[PDB]
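> Below are the chains, spelled out letter by letter.
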Amino acid sequence: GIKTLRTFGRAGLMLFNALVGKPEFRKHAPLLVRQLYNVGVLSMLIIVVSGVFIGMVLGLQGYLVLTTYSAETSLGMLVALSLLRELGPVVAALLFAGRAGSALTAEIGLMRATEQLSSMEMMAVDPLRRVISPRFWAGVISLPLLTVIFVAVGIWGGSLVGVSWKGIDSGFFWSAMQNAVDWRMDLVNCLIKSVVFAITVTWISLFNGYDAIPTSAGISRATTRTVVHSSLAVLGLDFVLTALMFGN
Amino acid sequence: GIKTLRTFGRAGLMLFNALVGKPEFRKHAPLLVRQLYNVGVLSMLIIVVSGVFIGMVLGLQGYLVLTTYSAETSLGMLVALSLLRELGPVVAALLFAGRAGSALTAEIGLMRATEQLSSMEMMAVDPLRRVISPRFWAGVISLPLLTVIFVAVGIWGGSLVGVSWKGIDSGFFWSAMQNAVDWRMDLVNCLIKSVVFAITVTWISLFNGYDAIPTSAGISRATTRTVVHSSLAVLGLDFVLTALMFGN
Amino acid sequence: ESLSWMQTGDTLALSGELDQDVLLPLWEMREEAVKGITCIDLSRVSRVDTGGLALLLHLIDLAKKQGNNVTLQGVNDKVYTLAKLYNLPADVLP
Amino acid sequence: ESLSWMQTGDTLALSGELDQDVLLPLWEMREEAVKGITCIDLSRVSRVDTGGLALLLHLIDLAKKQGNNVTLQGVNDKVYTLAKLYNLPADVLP
Amino acid sequence: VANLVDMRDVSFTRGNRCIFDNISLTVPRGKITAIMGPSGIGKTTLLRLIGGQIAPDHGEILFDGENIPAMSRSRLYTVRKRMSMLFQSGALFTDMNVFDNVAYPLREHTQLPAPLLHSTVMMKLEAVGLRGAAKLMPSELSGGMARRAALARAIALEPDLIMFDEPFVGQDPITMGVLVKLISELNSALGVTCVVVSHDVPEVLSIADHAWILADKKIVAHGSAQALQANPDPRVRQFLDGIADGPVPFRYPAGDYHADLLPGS
Amino acid sequence: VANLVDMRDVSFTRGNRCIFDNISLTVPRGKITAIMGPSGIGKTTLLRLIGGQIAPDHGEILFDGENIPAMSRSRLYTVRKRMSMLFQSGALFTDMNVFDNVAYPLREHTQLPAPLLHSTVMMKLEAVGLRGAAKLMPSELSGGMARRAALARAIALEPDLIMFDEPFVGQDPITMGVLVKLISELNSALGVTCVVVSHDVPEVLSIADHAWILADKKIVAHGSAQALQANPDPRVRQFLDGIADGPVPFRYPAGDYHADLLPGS
Ligand SMILES: Nc1ncnc2c1ncn2[C@@H]1O[C@H](COP(=O)(O)OP(=O)(O)NP(=O)(O)O)[C@@H](O)[C@H]1O
Ligand SMILES: Nc1ncnc2c1ncn2[C@H]1O[C@H](COP(=O)(O)OP(=O)(O)NP(=O)(O)O)[C@@H](O)[C@H]1O
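The listed protein sequences derive, respectively, from chains B, A, F, E, C and D.
Residues in the first sequence are numbered consecutively from 13, following the entry's author numbering.
Residues in the second sequence are numbered consecutively from 13, following the entry's author numbering.
Residues in the third sequence are numbered consecutively from 3, following the entry's author numbering.
Residues in the fourth sequence are numbered consecutively from 3, following the entry's author numbering.
Residues in the fifth sequence are numbered consecutively from 5, following the entry's author numbering.
Residues in the sixth sequence are numbered consecutively from 5, following the entry's author numbering.
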């Protein structure tokens, strides 16, 4: 009943009333840049630092498996092609739904609590087209770039393990092997997942803040509701996308 | 200065004043069970459903790599020994810091905001020894069990892919190969990481709620502060633990 | 600090503080304590707190359990003040 | 709905609504509009809003920029009411 | 027209707990009216209802003629440029400071030039009083200064109906006095018709020209601040001075007190 | 002893903004005293300071003899069994219902048997009034019923000093009246010595026997509710009736108004 169609229809309506409408551009450009700084630039530290660690692990736990199979040169093909096909777009979606997927619901649900959104709508300004949409377009263009930064630092960390720790190969690691890895179709299959996860993370991270019960115990339950659903949906959409992108 | 020692010393003091003290047992047993239901049983759905998906992926993206190497029997050794050595204790720590690592700070920081903790301390009851400690011991004994449930359902999902999808092996998948995998030392190396991550997740998820600025915009910033630090620290402690557990 | 009840005929002469602290020993044998006691006399009782008032309520109820028209003598003004606070009906305290 | 200013000697006879809406065209040539104008007469002005009051402040300031003792005639009571609200000092409005 | 908003017959439900039931209200222009009820009576919903942000179930609410509920939602913004809610907590935008918080409805609608808009905002701040707080962020402001800054931001555009949702709630009498002098000086200088919904009677009745009192789910009394404090009606006579016991029950309903006292007698 | 808490000379800082500065206060037992100041004056910190939950920088606060600041922190709990803060918002434990919320300090300390504790709690609820709300969760309660349930939970153990942190703030006069009749009926029935800190003067002075008024960072006036409303002191005469303009400045400090009006004249 309730979750049957009420919540989904309302969470789709708050988006069809937040993207399609007046084509205002040069009034939102000052908002889109600040929302890029909030949702995209601030969160960068949580995806750079946690990009090296999930990188250095990916090498250190992989280097000790390939070594048993006498193929330590494929390490670059193992680190990159893993944190660029599966782990990149999903780990940087989880760490996004954490840092910038809850700071959105704890923000646009905190506005709704202090009657900030209704005070916007009490002018002529639409609360959706002015508060939702800048944050939405800041979410769906910062995540597909955050995953790129995350994959870059992940490959650098994998190098820091498979090169700086066990100095067996300085250029055989990536200068020769990753050339057969870093091809276009792989980055495309990574960016598709990054964009779909950006949409799904920042749509249910921007709806729980808009559909929260306006109280300190309603926004703080919706915050965790986004961190939960924006991990369930990330993993589920990841399985579906992987079935479609490699199950052929 | 501030983060130098003030925050760490205070976050260690709020624990040395929350575990060592009166040995009260049969008064907390009614609290420990309810905190196990809140922090451990409620979160189960987010680690079962997101245990299958990270499982079915682990097979589906791994089955298509081992098949290129003509070794499709090692799939059980690939799924299990991966989501039981590296991905299990870390993914179920991230999904824990999400569901039950923010619902703790949005709760024990919401109490502190409505003056609930000071109203406890206004009786003789210590707010730490009565609110912190049950939640702490519910966190550090629900996570090492949630990771076990998560690994179990992950292996089941990996089977659902490598057996139900491509019906190539019904018993060669695990009935023969995983016997050389599921050995004791592996589960021990998984439970060690699960316990250290439980301590680190539920110690900084229980401190941000205790050190939050008591306001709807302070608890909602501390909530995201836990989801950030309890992923940075999980990944970092994971790298350190993996260096110590396999870098030998 | 002290509490002591004596069955002295048809009277339950209790004396002490009758509060949340010294209330324990009287609660157990409350049945035999008010077995054949018609009126309860709480005169040598310095003060009475809410818990003691609850115990007195239960003693009265037990006196009426087996069936006995109970009466209270020697009560303080403070006890009836405290009972007027809690709006205790006139058919449970008398 | 309408606004029109006429330089008619030493007087800036502006007439209209003088509000946030019709204020645009007057703001641009404000310099030459008050070039050689000693007193500004806003008599045929039905109402005046806060934005119009700000524009009038700036016109006065420009009249004193090149140096000219300005005076206001034909103003309404409502304008001076609104100016008493905003606590406008007596050396900027006169 | 005579009155600026004539709520002829509004019935609002909000689920199952019927909030209002065929109420009638009439705010005359230039007059600062007030509506009072117990806490949690639904009176803020009345303000949110006369701003078109929520629909009456069976109601004809006429804002200066045409109905509010039957509006294109594109015309409703044009008329909503002639209203101004002053919520509790101010509803100040935490992004920008006070200056960019008052200037917001100006930049949104009017094309005032930059040095014109600066002089308009730095004048409305002086009107309200917190002109020195132009560059102070709205999370640095006090509890009462936030309502004052939101008032300054609310009188931008000269809205001809600025309604106050509990402007003095949990405020010291010294800031209650500032907030009661501001919203009287405005009505006595501007032509705004303040609708002050509140329940802090001693201060609201000091300015209200014609106040309504709404009981559980309907309006029970109206009249001026003088003919109201003499009303001989228990539901109103209790609330007007808070006698703590009357038609509203002091003791929450309970059962027999005896099984509650001695369970299983 | 004469007075139940004698705060002889307390100076509190809290960082750099010095809150108090050599203040003196004396709550006599059996007397319901009050302290009033503007909002954000630091008066709730005074209550949190006489409960030992925060230390005075240079202060001798004597709760019935011995100091509060110089306590083992194990003895402080024994004396803290003789205090009871009633915070705003009630501070009700959202886990358990009202019944298990009032019974909490009983089960924590006393060994009352189950049918004894049930009769004690279902009597203190009737004392306060919300006995029918025994099984209602504290998030289902109203805004004023939460303070009443927390009052019932606060008078458990008969604390001999139950201090109220703003018990009537943002409450209708009809619930303000219930809350002002409860905390007078308690003092006139129990021997509790209520310390009602607040700033809603018209209602607090209706019961307070000896009230203090603290200015910016020090106590400026005291005396009974009668000798206070006649005090000839601007800092006190302003606050006691809220004249909106006096020694506290209405206009927040600003610069010259001219560069603010015409930037770059
Ligand atoms: N944790 C804190 N750290 C520093 N200063 C504080 C803190 N809590 C309160 N203060 C300051 O202490 C003073 C008084 O405290 P506060 O309890 O806010 O005052 P109050 O007016 O008595 N309470 P209230 O009106 O209910 O908000 C104010 O200047 C506060 O800013
Ligand atoms: N979605 C909702 N569902 C149910 N009640 C609601 C909802 N939104 C607001 N309310 C409340 O609105 C009604 C009217 O009270 P409310 O709007 O909270 O303000 P008030 O009671 O007039 N004053 P106050 O709450 O002190 O600001 C209550 O009976 C509640 O129903």
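Take these hints with a grain of salt, some might be off.
[Said to hold, decoys possible] In silico DSBU-like cross-links for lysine-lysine, where the CA-CA straight-line distance does not exceed 35 Å:
1) 185(C) with 221(D)
2) 35(D) with 185(D)
3) 139(D) with 67(F)
4) 80(F) with 35(D)
5) 35(D) with 139(C)
6) 39(B) with 222(C)
7) 35(D) with 85(D)
8) 86(E) with 85(C)
9) 222(C) with 185(D)
10) 66(F) with 86(F)
11) 85(D) with 34(A)
Hint data in this document are derived by calculation from the structure and do not stem from the laboratory.
> Hint by hint, say whether it matches the structure.
Taking the hints in turn, this is what the structure says about them:
1. 185(C) with 221(D): 26 Å, holds
2. 35(D) with 185(D): Within the cut-off at roughly 15 Å; holds.
3. 139(D) with 67(F): Distance of about 28 Å is within 35 Å: holds.
4. 80(F) with 35(D): 17 Å, holds
5. 35(D) with 139(C): 47 Å, violated
6. 39(B) with 222(C): 44 Å, violated
7. 35(D) with 85(D): 20 Å, holds
8. 86(E) with 85(C): 25 Å, holds
9. 222(C) with 185(D): It holds: about 28 Å lies between the C-alpha atoms, which stays within 35 Å.
10. 66(F) with 86(F): This hinted pair holds, its Cα atoms lying about 22 Å apart.
11. 85(D) with 34(A): It holds: about 18 Å lies between the C-alpha atoms, which stays within 35 Å.
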